[PDB]
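Just one chain is shown here, as structure tokens, and it is the form solved without the named molecule.
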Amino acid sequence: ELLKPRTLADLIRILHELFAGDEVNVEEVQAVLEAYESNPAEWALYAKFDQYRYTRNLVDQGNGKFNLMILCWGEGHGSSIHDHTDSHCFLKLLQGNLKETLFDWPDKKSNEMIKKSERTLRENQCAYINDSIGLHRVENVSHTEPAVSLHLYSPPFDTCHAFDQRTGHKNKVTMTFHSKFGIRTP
């Protein structure tokens, strides 16, 4: 039974329930993420920005079944073109806007990567990506407003691949956290 999360903590409890089995209902997860209304007071603990690039801040480990984390994007910060290691990935905006660009999996030949589409994700919107759909890049193109987003990955993964736009070549990347449970990482 899907109910509206009243708070971030409530969202987390609902997610534990949803992920209690070994099979995940993606539509239900997206729906509950969208129904959570961003309340900056509830996630301030996790919103730790960096001057130079975006930060990843772990919120919950999902009793093993998922990682839930908050990403903080300064003006002009963006990500690489990346995959998600055969996991489910959900992204919800908690503050500001992000441009999401979708790319096709590259061919064998070196070649400018092909942009499928792009869209602006606005506050409280929740999107879904998985490798079968394609690859993506996420960016805060604003010059005046920092952005904050909530991400959920299941199963959790800490390694993925980044892709070069000019050539399609991929490189392995290990994901790092800037903070976990509100505490900065060494």
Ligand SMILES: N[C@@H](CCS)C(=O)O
Contents of the next structure:
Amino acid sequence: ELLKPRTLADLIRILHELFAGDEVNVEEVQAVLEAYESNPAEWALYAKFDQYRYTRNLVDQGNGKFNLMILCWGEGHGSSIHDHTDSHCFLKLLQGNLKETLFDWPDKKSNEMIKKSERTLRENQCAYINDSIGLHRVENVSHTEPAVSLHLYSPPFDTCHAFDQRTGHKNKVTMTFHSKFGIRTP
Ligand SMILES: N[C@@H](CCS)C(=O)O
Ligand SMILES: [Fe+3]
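What about the form deposited with the named molecule bound, after the form solved without the named molecule?
Shown next: the complete complex, the earlier chain at its head.
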């Protein structure tokens, strides 16, 4: 019985219930993420920015079944074109806006990766991606407003691939946490 999360802590409790089993009801997870109304005071602890690139801040390690983290995007900060390592990936905006650009999986032939579409993800909206849908790039294109997003991945993963937009060639990247549970982890 999906109820509206009252707070971030409540959302986390609800997520532990939704991931109690072996499968994932994507539409339910997306719905409860969207229903949480971002309250900056509840997540300030995790919103640790870096001047030069976006940061990944672990919030909850789940139940063996999911990571939950907050990403902090300075003005002009963005990601590579990347995959999600056979995991579900939910992205909910907590503050600001992000541009999501979708790409198809490249062919073996070296070729420019042409965007398939783009959209603007706005505060409180929750997007979903997985490798069957495609690849994406996420960017804070704002010149004046930092963005903060809440990401849930299931199963957890700590590596993915970055794709060269000019060729489609991929390289494996290991993702690192800037902080965990509010503690900076250099
Ligand atoms: N998956 C990316 C962020 C955009 S979804 C990352 O984990 O760093
Ligand atoms: Fe992503």
